[PDB]
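One chain comes next, on its own, written as structure tokens: the form solved without its partner chain.
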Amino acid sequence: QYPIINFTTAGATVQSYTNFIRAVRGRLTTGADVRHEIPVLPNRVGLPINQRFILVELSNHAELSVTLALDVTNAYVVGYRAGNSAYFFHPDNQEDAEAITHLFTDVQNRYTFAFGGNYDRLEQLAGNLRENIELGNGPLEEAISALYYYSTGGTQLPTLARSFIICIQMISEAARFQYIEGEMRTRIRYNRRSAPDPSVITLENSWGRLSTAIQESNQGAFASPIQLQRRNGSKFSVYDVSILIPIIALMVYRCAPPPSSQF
């Protein structure tokens, strides 16, 4: 029922990863909502359940597969399937809890984690912050295996949390930001794993605020500047949507777009 996008870390290249992220974005957004050349994800309000999720099937060189479920309203990884078991993060509300009952319905064993899936909680469980977790094709390859082996006792909870952190950034954050996609492309091109620099972290942390600022902007101009960080940690002030067009690929729906003003 829900659309499936396939990616493998086995012999992954810049092009195969680029194709993957493009395909994810195409299934996340409908094309209905584009503001200042930036697509907006579907509004949660009134969105039919048959349109709520996409599936990302990850394979690796170890010949293992896991399937991540992503909420189209926010690109959030809500859970995953590995073989005969599915695992869902603790839902943040009642209707998100109802929504996940529509996923992996044929699976033998259904589990809801007692913990939520936000970075704060996952970092706590991993025993490491995002700034100290390596990203790249190698980490993703290993993350797929770790997710796969969780149900049989092979994967410690900190490793599982770390693996989620890897998946979320290389899939969801890359889909949200061309900039983060670009950083992942670089790691793949050279087969060199590295932890995300402050430009990556601050973009991830600011996605909600950037989405709202763009959507509330006066003809693209922010009422309040947003402070980001560069690769070297130095401050970068954002005053306008214009500078974000090459950086942000998708926004979360925050408000209705204002009417055009006919001059």
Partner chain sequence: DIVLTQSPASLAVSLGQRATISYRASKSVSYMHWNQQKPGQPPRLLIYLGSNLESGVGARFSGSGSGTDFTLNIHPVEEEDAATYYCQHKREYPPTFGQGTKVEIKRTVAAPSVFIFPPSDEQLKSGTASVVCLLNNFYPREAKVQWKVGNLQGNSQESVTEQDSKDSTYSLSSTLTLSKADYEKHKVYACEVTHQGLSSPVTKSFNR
Given for the second form:
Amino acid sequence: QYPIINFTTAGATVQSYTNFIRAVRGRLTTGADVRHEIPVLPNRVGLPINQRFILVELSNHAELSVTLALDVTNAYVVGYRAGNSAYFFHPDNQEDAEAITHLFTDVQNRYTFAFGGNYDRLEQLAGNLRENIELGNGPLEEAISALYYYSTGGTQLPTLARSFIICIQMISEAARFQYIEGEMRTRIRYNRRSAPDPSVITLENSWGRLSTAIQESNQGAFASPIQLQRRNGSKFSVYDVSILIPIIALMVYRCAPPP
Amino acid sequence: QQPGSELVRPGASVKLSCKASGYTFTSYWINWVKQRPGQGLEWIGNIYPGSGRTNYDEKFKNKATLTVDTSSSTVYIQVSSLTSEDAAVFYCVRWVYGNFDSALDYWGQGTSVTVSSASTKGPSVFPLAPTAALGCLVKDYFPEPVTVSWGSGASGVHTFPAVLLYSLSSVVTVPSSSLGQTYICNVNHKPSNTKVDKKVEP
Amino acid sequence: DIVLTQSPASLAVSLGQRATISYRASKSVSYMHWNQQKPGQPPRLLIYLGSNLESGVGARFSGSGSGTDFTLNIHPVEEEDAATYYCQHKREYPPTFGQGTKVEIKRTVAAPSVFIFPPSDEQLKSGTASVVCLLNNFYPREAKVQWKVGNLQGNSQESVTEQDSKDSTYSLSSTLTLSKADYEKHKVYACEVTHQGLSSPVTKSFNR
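Moving from the form solved without its partner chain to the form deposited with its partner chain bound:
Complete assembly follows, chain above in first position.
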């Protein structure tokens, strides 16, 4: 059976959370594939189905529990289970469509949304954008409950989509970036709750192509520089992978390591 | 597209083909489904040519190996060490997982796999003689098929399915007043380039 | 794995009746496939996503259900609908098929003609002796054959035809193959037949 990693919002501390994200990174990749000091997620090609997903079980103070499903290849959420029902983001292809039939094999009810799980569609179905949707142990607490109650008609679509945006950023993107993991770390210490600033949004949007640029780079140097944004929304280019080592923590597999 | 028949000796192995035309060969799954004579449908496993991923039913995990020749647009299923319980038909199937093109299921003709040590034997044709039923007993042939007619024809005839070498029956029945007219059963065994037309006399 | 048990195995239905086939699942299925198969043909999807009719399918055909209970209904059975129906699911790995349901055309009960034939000169001039017994054009399908050589029974050879496309009947061919040197050690040879049509078994026999 797939590995499970547990996290409650109930009594969460900086350490309780950090452990979770570091545990998630550990089961996402073996860490044998490292380019320029940055780990690589497993290559989708040739990967046994029994190593394709990990499971993340989130619980909260309200004594509710959901289990999300992450794709090791992307570190992104593909669906979740809540009691007797599993819901899945629409697969972009027939390989993915078959893969999720290996998930939560023992549930009574399985459904597939018409919509993908990319930010673009979810923002639409939520009415908010990522920069309008607060993140924090509070918003996470609320996301766990909304997802739980969607099975029982008690959760409306905009709130469901919005809760996804909360989960995906605090789990997937936090695993992908040490920067974003920190931004959630600060929100837990000083007990804050706030939307991500442009430094975060920019990274999430750029994760795939940062991954490409680092892997197809020349001894670290980007072929073309990549523009990001600071917290204050100012724009700056990145020319080399060195500035990113304390920032990106996982890359998607793009190419075999060069000599 | 699949071949219709394969002979294969006991404890030997067979490598079955499935050429795919008329769609993106690297965008769908190709499945294998096994049907034994007069029994149900068992799913053996599948393969996704575009990514090489496989699945095998636990009941076939060590008997079968699926692999794909992207060049020919073809899939292969290889079974190991064939027993008599392995003699059956092997369909390959394209079907969709999901929703958007749900009714896309499409089956190959199938491949009848016989497992035998036998050789192309000719057939013996014995007459069955006593409103009156007549008959031929086609005995001890290999391979299949034989094909029996009575000129023709045509009605009241029951050509039975072969049983195990192979052997079938065939009844014709006719009005009793017709015992003065010639009734002959015409066997043909295509593989032994043999043809027998036995007059049924009393 | 999810096991799909179909019910009933065999179903009899006169043309025009209404037919309902069930499929009991050992766990819940969300969306349920149905295939149709006719002797000598590869199965065809008849119903996808529980209720949506495949292409070309007549409209007497309806599929419904949820959880562990899905069904296939025909409102008035036409004859072309005689075949075997398998339910299918592929959404919880591994994919499965149903136990199968074969629907046959129902019709007037009919006793079988029994006709018995001693071995030919040709067989017995080869040390072989096969005594064939043809059992033709009966309904329903179930029959019972006993062989009585003086008495006793033994090791015989039975094959059965498909339901006729004209008169909806069945046929049986039973062969008894013994050796000449064994065949000429008894004298009485009987092909006795038990069946619905009669309480008293149809008997044919001969002597050498």
